[PDB]
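Presented as structure tokens, the chain that follows is alone, the form deposited without ligand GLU.
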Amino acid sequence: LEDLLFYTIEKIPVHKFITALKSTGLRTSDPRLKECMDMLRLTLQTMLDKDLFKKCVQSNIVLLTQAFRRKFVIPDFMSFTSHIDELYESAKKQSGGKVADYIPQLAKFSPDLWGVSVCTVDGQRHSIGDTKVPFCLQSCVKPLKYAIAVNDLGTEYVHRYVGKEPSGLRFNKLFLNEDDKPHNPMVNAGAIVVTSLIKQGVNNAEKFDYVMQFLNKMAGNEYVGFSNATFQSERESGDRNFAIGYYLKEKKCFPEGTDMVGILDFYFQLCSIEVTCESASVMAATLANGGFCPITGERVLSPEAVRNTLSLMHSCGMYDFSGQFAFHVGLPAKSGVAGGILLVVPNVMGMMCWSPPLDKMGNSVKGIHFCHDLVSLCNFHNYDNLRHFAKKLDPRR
């Protein structure tokens, strides 16, 4: 087992094994490779032979044997990145769009910041652009919390309070539907009702801690943060959200014993939660891997929740452009005012693209143009065929 892997590569210099290991798409910093890397650096305290290789690499031989036997979703990851970087450059030449300026903190960002980050369901990573820069998830948070609320409360309870449909264009300026419930969890009125359902007993700060760690697990312990800067400005300008909270209260859209102003405070807080492109890309891959975090192998979300989330991101995720997005891209995604697009390609990869300038609908101009180009090249559409995709390309093989 460790033995065949050895011959697959006299003896072996360290750099030779690390260069080939990186080619697969894995990063040496992978939590599943910690033992392999510790022993590898310990032996450099005391180039290696057969039984030595067997000593360092056996700790997680399974993952390493499958990585070198090309048993990942994308086998040739080095060509995939060449295609990703190609599309990144194509989208880059589009300087149109407007950066949101409705609060001072979103207006701070430069229009030239363009980042795209990939994380696959088998652990591989790729990045290009301004990916190490933090921004607030804003509305990208909506699926993340609905996935959480359904996890603890089941799909039936959550939908006593919220709907499962896209309202359209008109009727979508309406807070509630015929039955006095928000149309779906992906609109402001819906997210607030969703937000009220989590950790109903305890106080706000605990709920935040409860959610903040949930995102920590969905991201494989990468960067999640909080911008009190944006939180303050969001909390002192959302007059329209206060209109919603009062109509929800008037129509009894909350669980009994809910403090409406307490929920709205929590609502603003969650929108001010920070990520980078890379930290979020692992989250999207946790949605792409049935609830399991790719880079850690841990189990964070229930299959019932993950499914529903992708189902609603499909229909009502990308604002009013969802219909043309579900038609041409055929991938579940979520849009944010900071310019983030949280994309999920099921059984393949997770993804997060970012560019502050928004269009008439409120979506990342460079991100939409990129998402479209991603499907024009690869057979990733929801209703593409794995046998007959004509002039397309299948990176899974």
Second form
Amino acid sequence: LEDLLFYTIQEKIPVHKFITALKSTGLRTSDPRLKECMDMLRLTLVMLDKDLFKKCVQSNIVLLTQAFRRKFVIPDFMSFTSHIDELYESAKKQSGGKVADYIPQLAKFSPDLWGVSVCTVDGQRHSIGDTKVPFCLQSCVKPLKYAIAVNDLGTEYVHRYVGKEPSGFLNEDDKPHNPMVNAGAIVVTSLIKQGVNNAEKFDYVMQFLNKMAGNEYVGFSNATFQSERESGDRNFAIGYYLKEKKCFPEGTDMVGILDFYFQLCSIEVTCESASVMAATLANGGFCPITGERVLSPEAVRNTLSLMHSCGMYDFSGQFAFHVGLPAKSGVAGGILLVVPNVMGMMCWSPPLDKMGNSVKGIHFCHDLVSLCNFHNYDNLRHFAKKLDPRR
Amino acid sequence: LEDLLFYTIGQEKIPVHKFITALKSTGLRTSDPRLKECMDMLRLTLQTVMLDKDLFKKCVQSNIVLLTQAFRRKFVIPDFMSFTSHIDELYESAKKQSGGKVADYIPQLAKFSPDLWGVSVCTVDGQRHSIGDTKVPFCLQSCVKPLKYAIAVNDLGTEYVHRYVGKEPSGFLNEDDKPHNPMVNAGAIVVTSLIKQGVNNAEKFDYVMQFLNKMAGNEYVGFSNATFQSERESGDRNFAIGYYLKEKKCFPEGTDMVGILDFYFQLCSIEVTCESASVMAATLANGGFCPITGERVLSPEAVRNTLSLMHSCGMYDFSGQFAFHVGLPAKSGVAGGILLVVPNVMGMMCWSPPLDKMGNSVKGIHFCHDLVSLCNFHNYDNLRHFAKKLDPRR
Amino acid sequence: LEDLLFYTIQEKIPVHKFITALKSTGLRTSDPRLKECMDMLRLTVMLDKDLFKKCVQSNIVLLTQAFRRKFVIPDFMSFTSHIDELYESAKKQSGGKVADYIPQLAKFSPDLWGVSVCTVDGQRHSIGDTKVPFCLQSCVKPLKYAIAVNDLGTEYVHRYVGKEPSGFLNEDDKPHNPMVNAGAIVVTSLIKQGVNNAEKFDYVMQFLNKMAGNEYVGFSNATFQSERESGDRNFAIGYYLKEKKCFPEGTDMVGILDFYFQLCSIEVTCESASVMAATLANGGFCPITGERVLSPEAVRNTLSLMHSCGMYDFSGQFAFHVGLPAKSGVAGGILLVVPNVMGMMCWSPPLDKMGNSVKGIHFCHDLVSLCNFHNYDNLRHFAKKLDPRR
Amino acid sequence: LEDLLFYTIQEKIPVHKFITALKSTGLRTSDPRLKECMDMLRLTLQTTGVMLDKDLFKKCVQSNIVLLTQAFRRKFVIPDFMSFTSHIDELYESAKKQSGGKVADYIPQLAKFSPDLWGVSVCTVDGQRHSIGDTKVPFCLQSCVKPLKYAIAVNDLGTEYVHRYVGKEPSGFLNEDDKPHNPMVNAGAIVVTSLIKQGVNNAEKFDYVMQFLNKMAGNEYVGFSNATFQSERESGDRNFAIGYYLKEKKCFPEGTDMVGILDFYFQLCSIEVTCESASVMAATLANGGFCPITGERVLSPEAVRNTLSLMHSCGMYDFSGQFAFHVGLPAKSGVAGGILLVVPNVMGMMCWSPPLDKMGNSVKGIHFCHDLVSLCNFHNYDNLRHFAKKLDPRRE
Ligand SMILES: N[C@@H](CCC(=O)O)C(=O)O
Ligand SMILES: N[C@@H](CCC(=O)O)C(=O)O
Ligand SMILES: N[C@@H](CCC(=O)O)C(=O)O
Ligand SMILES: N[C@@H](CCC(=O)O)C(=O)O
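With the form deposited without ligand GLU done, generate the form solved in complex with ligand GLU in the same format.
Full complex below, order starting with the chain above.
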């Protein structure tokens, strides 16, 4: 079996030929799942006989077979990624929109910063633009923490304190409308890891985002967090209103919960790391790169459902109709995009349109679904003129 | 090729019923339009009970492609009898919910027994199953809303249609002075004004009728005049809407509102059965292609938009919860029918008269929750990791 | 006493001297209450103590009350001069757009402006074009509400309609108030439920006749036809009310809408309409005929709702600033009531953005700005305002 | 002149007889306007008899003759006070039999008041006084202070400025113009609070308002409950939410400390009055800014006009529209169970019972107000010339 891949790649094969063929499939040599194989190549170090090849490739053979036999959701990645660069370049030319000035940290970012990162459910990676520049999740974290809550607590409990539908502060039942709005996000924040101090709660959530991202970059911006606390009049009013209406679980410290809320909003990521988080959501709770199970299918289901209707702010309904993909946006200019069973994505540009969404990101998401059939209600069998990367 | 099949069915001669029996186990019905030539030749040959390589080849030759897929288990649900058995359990479970109230606002709806319950399944490959009362005619009512909206977009395209109507749910008119969506009476009335403009109601009606006939694979589609007359007597609500829409200039130029309402009431009065309606849903799940006729009815654009709205707006006020828990595009009506669509897989019609507080069929809502609970068909369920759920696609 | 009045005026009084003095009191010789006196005068230039008392004796109470300065506004000539100033100041506002939704309304000249005043004591003043007939439109809403309450009582009337502002149906599933189309449509269904539509219309007409002291009241079939031709909003409301069962059982909703349109199509003039207002200000008693048209209950409720609901969307602001119960209509008329003092009809065609007459509103502000007539103004300490009652 | 009066009330007048006649007018011997006359009677009584003669009466009533003349000449707004007084008692006794309602428990201070407490105080525009029930028991103004502090703002700042930050009409937190609907809602009151006495500390603001309330009450009891204030600022989640929202929407004037304003707000709610003291405040409103008993001008006619217009529509909470339609009087209520009632040009009142109904208004107060208008024509839109079964205390 290790020998087949060998012939598939002629008495002896050079390393760079095996590596290039590997990178071709969309995989990265730094992939955690390939670690054992890459450790061996380190020791071996130029030409590989049947024996040496089999020696290094053993542990990781199953994953390597899938890549080379093109079993991945997108068999031809190189062509698909070329399309991604087109859409990226196409969106790059939209200079409209406004960068958030409400805090110095948001205003400091250049409007020209633009990047897109793709991570499939099989771990295939592609990046273009500025994908390595750290930025705060802001509202993009709302789906993530909601997932954590539903994962730990469960659906029945979590929705006792919050609503499952769009709006149009509280609903008929005196619950916030959903987890994707500040009022609802705040309540969700109070549900996580009850009984411990903010430090531990924050360590717990942080560990969780690390799992979703396959231990890729996750960080915290204290500068943003501090300015978030000073300008938080809007959220304080909500916090007091929730407290008054008894929306919080018993024993809750409201003023403290708000600071945790601001902390979570100040969490830093990159297009690349975030795309892995979205891929976990598209992969049913399993981190595509690490293969580990981060979230229960129940949590991922609920989150994608609410990201669908509630994710884009006031542009949600429009977005659900035209784009048909679950997504979440934040004032940093990030858009966390998920294509179920296919991939996950993070688009980042600071300038936002009048509705609070990234101009480029929105332009990119539209073109994406126009090009391929990722639309939730697109038909796999008959898509018309659309392109299916899965074939 | 045809010979390959013949071998799959041991001895030199095949009993004619053996082939038919094995055929049926696929969920396919011998009356299937795509099977006519095979079945015609089969009874003609049977006129002059055994088959041979060259005989079975003579009968199956014309339809060979479909037969192969059926016997090779290439259909979306490869094991139909298993999936079928589950459907019955779900049906049998929902049958035990006797709650709900049959709609009395007109004599026609009130006449129906609370105990009438049935479900029909038509997959994207034309696989068929029914249990309960699937042969009883009933009006679509609001179930027609998505169907006539699909027809509008198909002919007029998206830009034009939604110029007069909204694409989202509602907490009469939205901020743009348009009905919130096609799934509400106001929106449905405007959609009705868009179809087949410039002609009389009789022509418009026939235009939609043939259209529904295609979606149903020429299965039963009918009209209840008794319901139509009652509908137009009791229509104060919809008449109020018509004048408001007229006042707010929500109709295409040269529109007769009173005439549109009449067309509207007729479209609600169009009647079907669980079985024929199941094919309708399947066509929506098939991307616009009628599963049993293999014929193109609606454009992928029209079908997509229709499913998008059935997701959010289809369930009345229970839409938000239905979308969250069930996660399937569906439409409900006062007759107690629920038009259900599982994309890429199948479509159904669940019909019971008794309605809940929301106006949705009690047994239908129950059945849908169980279906998605049992199976991974939920919109955001994962095709790779579904946990405890079942995947009938294997 | 008729002797008394005589010396108040030589051994001989010429009629013109008596006639001039009387007009000065704000009264008209055409006044229905002075009919007997005026009959005698024509039945007879100069006259003595005996001939005077002969003509005057029958009206002596009103005449003595007038000449003794007992009328609500003792000095009318001054007050009249102020009304003219306000009229002239408002005359300079040409902004506003005449209502075009029907031909009849669009025909009216933007420059048509008039003000009529009728006190509770029958004093009359008019300036501008006060003799020109125009449709009451929404100005009739309080009038037909007063009629309803009068006949049916407050308890019955308010099962079908709300008592307060809005900001179609309230929580109770009733129209918010009588001053909005939805409510006026329901109110219209309450009146004379037994008879046919022709008799109903006659009944209201006669009622409006008493209210106007038998002054001009008329009907425009032109407006009525145009009105019913475009009813879509009002038909929309009608069907919604019918569906919500907001009408009294046995009602023909569609027939009612006809009646509704007819009522909006009734014609008045600034002068005749000002009397209608004066009746509302006088507690249901027509100032000039001394007759009792409306119950004090109907008048109280009517003035209450005109206060909050009368001005369309400008009602709240009008109540806060002007502080007078009033009703406005699409024809550009404003039915103004100053309780215990007088009543008025301000008419100019051009509407403002809120649907109220531009000049009319301008006039109402200056009036309350100049005088203490504001609802919550204090009679004792009003500061720099004028009190015409003194 | 003083002689005329002397006769109209033998060759000599017993002092108690003059005192008994004066009290009949509804006036009080404690009337600040009567002090000179009253000091004289006491002094004179020392230097002599118990009996008074022409020359002597001339000595005592000389200074106050004007007011005394109008009292004995039946020229007060209500000529027969004792008949009217007799009626007020009947209404009080009728309303007293309504045992429904729940006393506000949201803080300890309100719950401590017994449900049985019921009282009504009347002060006419001429200073005529009547009280029945418990009118001497102190209680916090609460929302009853809303129109008062708003009047102070309009008096100092005028209408145009004050209403930039607040709406002039009912609701149905912010209106279409992004302002609080009116001064009578917590959101509006909090904004009105920010307008008063800017540039100075809370202790100064509080004193400035306090002395203003003293004028309106004719220097009768005005007090502060710290027990209630502390409880108020612990329970203020609702108002803190509003404050932050107001702060976010830029509703406050420049350089405004919101948390400091909320504290000032709670203090104003905690100010204590009695039915008798408060009734005088209401009468000052009915008198057009003049305190009936002191004859002093507290507020501008403009300030009072606006306040009454808003009390009319916005004063009763959600019962405002119904109240305005039936009762037809400007009024304000508070969680303490007090109702500040004003009859323009006639009198002013304070009705107090702790138990509140579903709408937050005291059952007894509301019941009383209804009977009050049923009996007499005080309705804003009642006619002075024509009323049906109603009686007119202003008529002889
Ligand atoms: N930290 C901000 C982010 C707002 C947003 O991204 O929409 C908040 O929670 O209000
Ligand atoms: N024809 C009925 C259908 C109602 C419904 O199914 O919701 C109507 O327009 O009211
Ligand atoms: N006849 C018009 C009158 C509108 C108005 O006067 O404001 C209607 O009923 O709508
Ligand atoms: N002082 C409390 C209650 C006022 C009241 O409603 O009486 C507040 O401002 O919320």
